[PDB]
Amino acid sequence: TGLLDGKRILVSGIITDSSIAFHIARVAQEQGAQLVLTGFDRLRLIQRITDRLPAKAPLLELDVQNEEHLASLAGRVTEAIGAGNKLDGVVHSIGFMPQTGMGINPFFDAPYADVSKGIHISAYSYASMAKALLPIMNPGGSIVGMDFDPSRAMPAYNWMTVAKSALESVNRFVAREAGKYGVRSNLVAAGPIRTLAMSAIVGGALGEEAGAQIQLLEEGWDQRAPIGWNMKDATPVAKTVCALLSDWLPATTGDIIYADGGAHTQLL
Amino acid sequence: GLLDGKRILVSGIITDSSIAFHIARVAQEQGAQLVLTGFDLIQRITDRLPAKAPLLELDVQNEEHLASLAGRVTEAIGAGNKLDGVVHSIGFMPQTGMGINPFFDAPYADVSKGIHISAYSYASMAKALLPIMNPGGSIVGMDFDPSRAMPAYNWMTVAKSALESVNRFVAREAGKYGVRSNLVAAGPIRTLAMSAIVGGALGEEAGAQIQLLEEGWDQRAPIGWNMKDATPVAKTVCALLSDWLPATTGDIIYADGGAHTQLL
Amino acid sequence: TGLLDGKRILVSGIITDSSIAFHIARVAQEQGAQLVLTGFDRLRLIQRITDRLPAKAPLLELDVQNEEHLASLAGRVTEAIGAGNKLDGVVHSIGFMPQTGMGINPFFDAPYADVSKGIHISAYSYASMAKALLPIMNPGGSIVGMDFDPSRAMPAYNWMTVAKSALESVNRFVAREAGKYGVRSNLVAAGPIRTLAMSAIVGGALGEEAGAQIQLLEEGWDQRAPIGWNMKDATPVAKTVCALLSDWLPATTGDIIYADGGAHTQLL
Amino acid sequence: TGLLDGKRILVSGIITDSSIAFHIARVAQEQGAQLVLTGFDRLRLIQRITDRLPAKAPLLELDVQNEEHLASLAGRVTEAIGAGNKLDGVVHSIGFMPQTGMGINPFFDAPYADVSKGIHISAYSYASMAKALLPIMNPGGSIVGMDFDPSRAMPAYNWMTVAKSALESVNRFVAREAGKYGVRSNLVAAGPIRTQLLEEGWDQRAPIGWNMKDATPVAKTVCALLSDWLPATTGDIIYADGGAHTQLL
Ligand SMILES: NC(=O)c1ccc[n+]([C@@H]2O[C@H](COP(=O)([O-])OP(=O)(O)OC[C@H]3O[C@@H](n4cnc5c(N)ncnc54)[C@H](O)[C@@H]3O)[C@@H](O)[C@H]2O)c1
Ligand SMILES: NC(=O)c1ccc[n+]([C@@H]2O[C@H](COP(=O)([O-])OP(=O)(O)OC[C@H]3O[C@@H](n4cnc5c(N)ncnc54)[C@H](O)[C@@H]3O)[C@@H](O)[C@H]2O)c1
Ligand SMILES: NC(=O)c1ccc[n+]([C@@H]2O[C@H](COP(=O)([O-])OP(=O)(O)OC[C@H]3O[C@@H](n4cnc5c(N)ncnc54)[C@H](O)[C@@H]3O)[C@@H](O)[C@H]2O)c1
Ligand SMILES: NC(=O)c1ccc[n+]([C@@H]2O[C@H](COP(=O)([O-])OP(=O)(O)OC[C@H]3O[C@@H](n4cnc5c(N)ncnc54)[C@H](O)[C@@H]3O)[C@@H](O)[C@H]2O)c1
Ligand SMILES: CNC(=O)[C@@H]1C[C@H](NC(=O)[C@@H](NC(=O)c2ccc(Cn3cccn3)cc2)[C@@H](C)OC(C)(C)C)CN1C(=O)c1ccccc1
Ligand SMILES: CNC(=O)[C@@H]1C[C@H](NC(=O)[C@@H](NC(=O)c2ccc(Cn3cccn3)cc2)[C@@H](C)OC(C)(C)C)CN1C(=O)c1ccccc1
Ligand SMILES: [Mg+2]
Ligand SMILES: [Mg+2]
Ligand SMILES: [Mg+2]
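Keeping their order, the protein sequence lines are chains A, F, R and Z.
So the first sequence is numbered by the UniProt record's numbering: it starts at 2 and just counts up by one.
For the second sequence, the residue numbers in the UniProt record's numbering are 3 to 42, 46 to 269.
So the third sequence is numbered by the UniProt record's numbering: it starts at 2 and just counts up by one.
For the fourth sequence, the residue numbers in the UniProt record's numbering are 2 to 196, 216 to 269.
So here's chain A without its partners, still in its complex pose:
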């Protein structure tokens, strides 16, 4: 008797067992969901990671910049879940911005080709995934994407923050389209999580200044959060995504739920 019993859910964005999508997939399976997973480029490496999940799940290739992958996606998902079956949930947990657009590089020095690639993968692809999958979604369905509150500028995140601002706007338009199918579309704005890349930057991969900037940003988050914030723990974020995938927020769409310890509601 789990929160997502009988639900068929697609989960994108697993690359390591530290990926937010790995924790979303794990919690959904613990809650009785039947998953279809999508991975990018390193499929053999992703399969070894997905073997660590509590249950077996088919793994499909999906490069969001690849038009052929998007055009064939619904058919490939239908084959994996069986003809006559449709999805109840879709999780977009995909984000990318080259090092020229986030980190140490000055905001003004990011070339447009890099920013454009980052926006394609991080924001436009939320619309691409909804376009491909809405024709195979059941009424009462739910599409969830991952966000990082971009309402105020911050050091280092730079063009990734710009990509999140675009993503929030894209989510509002996706909700208009999804509504026609009786499907909700929402974003979960998470606090900072120490995923593979974040641990490296903290360790000094981008130098002394970038490491210090991320450290000050994270410490401030746990300080502002009335219930605190654990950057090593994606479980509260995964649970929030599962709450939106469930039947328990049936009147919320085109919206943003903050799984950030309440940090964004406090100044100091």
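Certain hints may be false.
[To be verified] Below, a list of computed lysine-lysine pairs in the DSS-like style, where the Cα atoms sit at most 25 Å apart:
1) R:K87 <-> F:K132
2) R:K118 <-> F:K118
3) F:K233 <-> A:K181
4) Z:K132 <-> A:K118
5) Z:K118 <-> A:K118
6) Z:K57 <-> Z:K87
7) F:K132 <-> F:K87
8) R:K233 <-> Z:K87
9) A:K132 <-> Z:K118
10) R:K233 <-> R:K87
11) F:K132 <-> F:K181
12) F:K118 <-> R:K87
13) Z:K132 <-> Z:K118
14) A:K181 <-> A:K87
15) Z:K87 <-> Z:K132
16) Z:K132 <-> R:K181
17) R:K57 <-> R:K87
18) R:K118 <-> R:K57
19) A:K233 <-> F:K181
20) Z:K233 <-> Z:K87
21) F:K118 <-> F:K132
[Said to hold, decoys possible] Which chain Z residues stay away from chain R? Per the calculated CB distances, all over 12 Å, these:
22) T17
23) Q35
24) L61
25) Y113
26) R173
27) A260
28) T266
[To be verified] Chain A side only, calculated, beta carbon under 7 Å to chain F, not exhaustive:
29) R173
30) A176
31) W222
32) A244
33) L250
Simulated from the structure, these hints should not be mistaken for lab results.
Heads up, the beta-carbon is just placed ideally off N, CA and C, and yes, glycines get one too.
Chain A is fixed; fit chains F, R and Z with the ligands onto it per the hints.
Just chains F, R and Z with the ligands, lined up with the frame of chain A:
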């Protein structure tokens, strides 16, 4: 159920159309053990709920009621037991501050009474109940998006703006106990008073204003909005009372069909 | 040839020469405005302060909690500016919250009588002043109130922050009424300024913790502000109020202009 | 004795005499500003439009998608305003989104190449212009961009609304960089200007009304930000929309 074994206090039941009646019904269906509070007929309404629940008197303007509340709740749930959830579903604004009366004609005594009951009491209830709440607990209040001005709601909208600010401060206090505090901003629901205003209780003008506001709500909402159905709102409150949004506090969840995210 | 040449403007809220209203009045006069001033309770003391302004201006008594003062206000202003003349501008620079609702006192320990008095003076009175003065305002006129960004909770400001959230809502309703007269209504959200009460709290009037909290808040403001923030300087705030009183923002109403060094737009 | 007396201001985005930039340029000149104008592609056609302004102003070519135009811009402006002189103001009044990403075309049918072009011109270029011009801006200077409130989704505007959400974020980062030079960066979010149901709703929501045929209130707001009268506002958005965004109905 979603709330199996949880001990939850629910305030604000007056009729079986009250948002709190639907919150209480859904919470019991989901395995919660309730304590109810009423302001005084309520007993006859609460007898219509799926399960028996003790009913305590609570006038939020009454200092003695607030000072004795924790002790009275402890007696009802048994010594050694604490609350996991608290629902504030209390709102009031005299007709001089809400409806047909011009915005400038509301006397301060009426506005102040409305703010005391609709906003300040969220802090009063948290103060009284936090000492008897378990870690991982949840306090939820009812909101109506006041980010933009609208016809007729007038000083009630002002009271909701104050409530949203109060909720952010309540979260700071609640955090010390490992407790969350959040508001559910609902779309319009046809509760006893709303049905009367639509029927023409406040006249032709006020009835037409509320109707236009509602018609707009369903057209803006990408998934539509059913003003006669409180169940999506009750479910959202239960989602916040559950362990499934454990990192959300001082915040607002919109159970409005997504209307607030669309211009037209 | 000033920004406010020939404009008749009412300015409330002068108590000391550090009052934001004193600086608003000084800048307005430097810019060619003809003022009417209102003072609360200590009129003889206020007259000694207003004698320090560049030009003479009549001083009227106004306690916003006094119904008789509000009912007679328009007639008293008309007598001061001459029959057949009307106001072009109104400045609300009035705020109050008892120490039980702001400072060291726990948020939960503020009695409602104190909170209600603070809301009456800080938020409801913005509507009271508009009701009294709109019948004696010219088209193209402007009503301006003072705000402190209450979108996020902060230590020590407690119930004063709640009062500002109410004020922002009141301003949006005042704009609906003012629009009928061709008059704009807006708030200026200022950064922290060391005025009478704020200087005392910093000095330790509410104890060590309240003083330390305000100090940390002010320091954070200057670091977040891309152009910095000088808490001892009310001139940038006074200039912003004068910009709203001018004919240069003719399509802005029910709104909030931030004179805070841009601090509210930055996380760190 | 105008609002912008002695100020040297660059104004981009004039294409017709109904362009918001034309009205910004006209009001700035009426207020004593000395202008430098930039135009895209149809320079001969733009020059004839700029001749309609009250005063003469040099016209420079600027395609924001052209890296060479951006790299040479500061030097070309300095030559026009004379050596030893710097700008006090910069106006970005540039926007574009292909018809596949706007109007009638379904939101899902806009190819990424079109959306990317729209974002490059409408959002990224605000950063490009600031990068090129900040080294030739005076302290107390002001950069202003044109915005359309994208906080809520609306019919037809689709990917242009997405581009404005990106622009708002870009403006907040530009303010961080501009602050180092003592320069402010802000956007003016305007109501609809005729350069129908959505536009009709605006006038009824606006407490002071909204005239879609009149760009002068928008031009005046931009001039207010270019002046010394909002010296503590940066990374922000000023709404010149009749107050429509503050009202539900
Ligand atoms: N880690 C945090 O602090 C944080 C905070 C808030 C939100 N988020 C967001 O959560 C999501 C997941 O990020 P994460 O932190 O788990 O990092 P991650 O690196 O583990 O996951 C990002 C995923 O994006 C995938 N991806 C990149 N390019 C792709 C393409 N062309 N096609 C398909 N997939 C592609 C990667 O393969 C990877 O699986 C992102 O949207 C991210 O921005 C992260
Ligand atoms: N459309 C809507 O109905 C709507 C929309 C959004 C939010 N809400 C909010 O939901 C909440 C519940 O409203 P409702 O629509 O269910 O109406 P309701 O009339 O059924 O409930 C209001 C409750 O407040 C109680 N109350 C009033 N004064 C009190 C006092 N002094 N002490 C204690 N309790 C007191 C009343 O007894 C009543 O039970 C309110 O906060 C309301 O503003 C309602
Ligand atoms: N100082 C800051 O950091 C700061 C920041 C943002 C906004 N503000 C706001 O600016 C405004 C002016 O405050 P200030 O900082 O200049 O301090 P202040 O003490 O100089 O001004 C407050 C004024 O309100 C008046 N007032 C109080 N009760 C009144 C009543 N019953 N009737 C009429 N007038 C009454 C006082 O007499 C005084 O002149 C207030 O609205 C305040 O909240 C101040
Ligand atoms: N018209 C409205 O309703 C409205 C509302 C709010 C904001 N705005 C904004 O105001 C600005 C001006 O638009 P407008 O309404 O005056 O229309 P417009 O068509 O007159 O101006 C847009 C300008 O962008 C220029 N431009 C396009 N591609 C360019 C490139 N590659 N390099 C340089 N410049 C380029 C065009 O040449 C033109 O001068 C835009 O940012 C627009 O989004 C307009
Ligand atoms: C000029 N006024 C006075 O001398 C005194 C200071 C008194 N102030 C207060 O009671 C309290 N102060 C305040 O009420 C207060 C007012 C404005 C600010 C400025 N601000 C910053 C952010 C937002 N607003 C700050 C505070 C109290 C928290 O301050 C003490 C501890 C310094 C006393 C109000 N006064 C009154 O006389 C008074 C009396 C009755 C009604 C209203 C005012
Ligand atoms: C200088 N302008 C011109 O003469 C033409 C109009 C052309 N406009 C567009 O393609 C499109 N227009 C637009 O891109 C467009 C630009 C600005 C606005 C103003 N605005 C309103 C709300 C918010 N902002 C509105 C629209 C397209 C949606 O419009 C058609 C259907 C009228 C063609 C771009 N132009 C170009 O030549 C052009 C070509 C390549 C790149 C950039 C501009
Ligand atoms: Mg903390
Ligand atoms: Mg609809
Ligand atoms: Mg829990």
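Hint check:
1. Pair hint R:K87 plus F:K132 does not hold up; C-alpha atoms about 49 Å apart against a cutoff of 25 Å.
2. A C-alpha spacing of about 12 Å is found between R:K118 and F:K118, which places the hinted pair at or below 25 Å, so the restraint holds.
3. Our distance criterion of 25 Å between C-alpha atoms is met by F:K233 and A:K181, whose separation comes to about 21 Å.
4. Straight-line distance between C-alpha atoms of Z:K132 and A:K118 comes to about 21 Å, which keeps the hinted pair within the 25 Å bound.
5. The straight-line distance between the Cα atoms of Z:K118 and A:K118 is roughly 12 Å, inside the 25 Å bound, and the hint therefore holds.
6. The straight-line distance between the Cα atoms of Z:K57 and Z:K87 is roughly 19 Å, inside the 25 Å bound, and the hint therefore holds.
7. Proximity of F:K132 to F:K87 is assessed by CA-CA distance (about 15 Å); at most 25 Å being required, the pair is judged to hold.
8. For the hint pairing R:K233 with Z:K87, the CA-to-CA distance comes to about 31 Å; that exceeds 25 Å, so the pair is violated.
9. Between the alpha carbons of A:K132 and Z:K118 the distance comes to roughly 21 Å, so the proposed pair stays at or under 25 Å and holds.
10. Between R:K233 and R:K87, the direct Cα distance comes to roughly 35 Å. Violation of the 25 Å bound is thereby established for this hinted pair.
11. Distance check on the hinted pair: F:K132 and F:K181 sit about 12 Å apart at the alpha-carbon level, within 25 Å; holds.
12. Restraint check: the Cα-Cα separation between F:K118 and R:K87 comes to about 35 Å, which exceeds 25 Å; the hinted pair is violated.
13. Taken as a hint, the Z:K132 and Z:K118 pair is honoured in the structure, with Cα atoms around 19 Å apart against an allowance of 25 Å.
14. For the hint pairing A:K181 with A:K87, the CA-to-CA distance comes to about 16 Å; that is within 25 Å, so the pair holds.
15. Of the supplied pair hints, the one linking Z:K87 and Z:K132 holds, its CA atoms being roughly 15 Å apart against a limit of 25 Å.
16. Only pairs whose Cα atoms come within 25 Å are accepted, and Z:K132 paired with R:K181 is rejected, the gap being roughly 44 Å.
17. Between R:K57 and R:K87 the CA atoms are separated by roughly 19 Å; this keeps the pair inside 25 Å, and the hint holds.
18. As the CA atoms of R:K118 and R:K57 are separated by approximately 33 Å, the hinted pair breaks the 25 Å bound.
19. Of the supplied pair hints, the one linking A:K233 and F:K181 holds, its CA atoms being roughly 21 Å apart against a limit of 25 Å.
20. Between Z:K233 and Z:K87, the direct Cα distance comes to roughly 35 Å. Violation of the 25 Å bound is thereby established for this hinted pair.
21. Pair hint F:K118 plus F:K132 holds up; C-alpha atoms about 19 Å apart against a cutoff of 25 Å.
22. Against chain R, the non-interface label of Z:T17 holds: every CB pair exceeds 12 Å, the least being about 21 Å.
23. Under the 12 Å C-beta cut-off, the non-interface status given to Z:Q35 relative to chain R holds; the minimum distance is some 19 Å.
24. No beta-carbon of chain R comes within 12 Å of the beta-carbon of Z:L61; the shortest separation is about 28 Å.
25. Non-interface status of Z:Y113 relative to chain R is upheld: no Cβ of that chain comes within 12 Å, the nearest being about 29 Å off.
26. A Cβ of chain R approaches the Cβ of Z:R173 within 12 Å, the least distance being about 5 Å, so the stated non-interface status is violated.
27. Distance check for Z:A260 against chain R: the nearest CB is about 4 Å away, which does not clear 12 Å, and the non-interface claim fails.
28. Its beta-carbon lying about 4 Å from the closest one in chain R, Z:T266 breaks the requirement of being farther than 12 Å from that chain.
29. Interface restraint check: A:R173 against chain F, minimum CB-CB distance 5 Å, threshold 7 Å, status holds.
30. Below 7 Å, beta-carbon pairs count as interface contacts, and A:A176 has one with chain F at about 5 Å; its hint therefore holds.
31. Contact between A:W222 and chain F, as hinted, is not supported at the beta carbon level, the nearest pair being about 11 Å apart and thus beyond 7 Å.
32. A cut of 7 Å between beta carbons decides the hint on A:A244: the least distance to chain F is about 4 Å, and the hint holds.
33. A distance limit of 7 Å between C-beta atoms decides the matter here; for A:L250 the minimum to chain F is near 5 Å, and the interface restraint holds.
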